[PDB]
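One protein chain omitted, others in place.
For reference, chains read A and B in written order, and residue numbers begin at 1 within each chain.
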Amino acid sequence: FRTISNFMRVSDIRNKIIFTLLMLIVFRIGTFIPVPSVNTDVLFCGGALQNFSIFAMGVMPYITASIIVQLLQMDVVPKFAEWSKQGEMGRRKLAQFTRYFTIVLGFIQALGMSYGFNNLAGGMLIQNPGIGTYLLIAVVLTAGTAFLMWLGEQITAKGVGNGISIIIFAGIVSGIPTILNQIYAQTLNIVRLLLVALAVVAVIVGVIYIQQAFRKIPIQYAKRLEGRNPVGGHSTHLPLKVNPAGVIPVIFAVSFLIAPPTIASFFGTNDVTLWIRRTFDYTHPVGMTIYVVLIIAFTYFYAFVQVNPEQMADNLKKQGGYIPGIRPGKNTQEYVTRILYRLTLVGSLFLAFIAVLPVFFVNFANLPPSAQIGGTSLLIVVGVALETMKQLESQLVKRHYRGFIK
Amino acid sequence: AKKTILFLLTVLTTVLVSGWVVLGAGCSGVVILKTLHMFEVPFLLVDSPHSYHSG
Partner (left out) sequence: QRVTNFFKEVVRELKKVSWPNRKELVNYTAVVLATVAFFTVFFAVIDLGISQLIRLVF
């Protein structure tokens, strides 16, 4: 196509996209190296295909540290709130604490992941299962996560787009081809798979339609009088997304849906352990309904954390502008709150339907159960692809300054 | 209030961090290895001018 050829023509865009592909090569190279004290020649429960690499932690603890540090800013740690009101230097200090938090949480989750991995294969996964080798491979996994964050910062400095987003996208799309190999090895089946592919493309179109939509609240400004009549096409407004959270409520819902099975397996095996494990399975229609309700409640909570209509009404009043017709104190807060109620209902139902779609895909296509094609990984892939394309179009567009002589 | 639900959410996501104290019961309705790949980076939160009149 035209824009991709123009990306390859421009020296800077082609150079940084080459550097991005090289960093993804480096990521895949680090994936194909195993941890020292692990056997891994025992190839396999399910969905644990490689899963025991240097990057087996992934960038999971950086996202967990980021959502934790982001959650603490709304008046739990007032030191963090005053970091958040200090400006860019306070945000730099928050990012430094985020780096410390992701190193610490990567160590903790590496310990838990290693002790669970030894608990999974039958004990014969790790050789000499002592605490010293657990500390060793926890250091290895946290070093893998630290190198992944360093790769993200390198690929957002000299590379294309966001760093962590490109790495998460790399993880998902590198998980695609083994799923395709399992499909082709497993197999009216062909027209069934074609109908699933048509449903996947329809779901991608629906995801782009929901995601790239804005509610444009118009905003007048008091300080700058519009003394000249403009073309009106680029008027100032406040865009609210339809899905203001993203995929964070799915993380909160799966935390709430896997915590009682882990504590019920901690308790031991009783009747209530079997009842908890049978009733908190979201593949079954008593667990899926709890999953949907948790997703809806958590996206309401998280989009009131994200937008925060009281703080945005305060920010609108404190510098000038307002919404035309509405007084800028309490009334803009109630107005933006009602707009947010409607939009969060729509984006809520969208996110819940997307998150429970692979349950109805496995029970219609009879795919491998560890596929989960059409989940929230689709949402992450679509968001990273469209944001990276928008960034590349911006860097392409600057050059397109013509002038009236031409 | 909202500090209570916020700290409940934070302690539950740290329980997600240590949600690997059991992994054995081999493949069933377990989402943790599935939740290894559902993340995005969460989005961040959010004088007088003058001019020279050429006299």
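Throughout what follows, a contact is a pair of C-beta atoms (placed from the backbone, for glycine too) under 8 Å apart; a residue touches a chain by one contact, two chains touch by 3 or more.
All shown chains touched by the missing chain in the whole complex, by label: A.
Among A:170, A:247, A:254 or A:351, only A:170 touches the chain that is left out of the view.
Looking at A:100, A:209, A:360 or A:364, the residue that reaches the missing chain in the full complex is A:209. Touching the missing chain, out of A:9, A:278, A:342 or A:399, is residue A:342. Looking at chain A, the residues touching the absent chain are 1, 21, 24-25, 28-29, 32, 169-170, 173-174, 176-177, 180, 201, 204-205, 208-209, 212-216, 239, 242, 339, 342-343, 345-346, 381-382, 385-386, 388-389.
Everything that follows uses one rule, which is that only the chains that are shown with their structure count from here on.
Put simply, the C-alpha centre of chain A and that of chain B have 9 angstrom between them. Those residues of chain A lying in contact with chain B across their complex are 45-48, 51, 58-61, 63-64, 66-68, 70-76, 84, 91, 105, 108-109, 112-113, 115-117, 119-120, 162, 164-165, 168, 171-172, 175, 246-248, 250-252, 254-259, 261-262, 265-266, 281-284, 287, 301, 306, 308, 312, 315, 369-370, 372, 375-377, 379-380, 383-384. By the touch criterion stated above, chain B contacts chain A in their complex at residues 2-3, 5-7, 9-10, 12-46.
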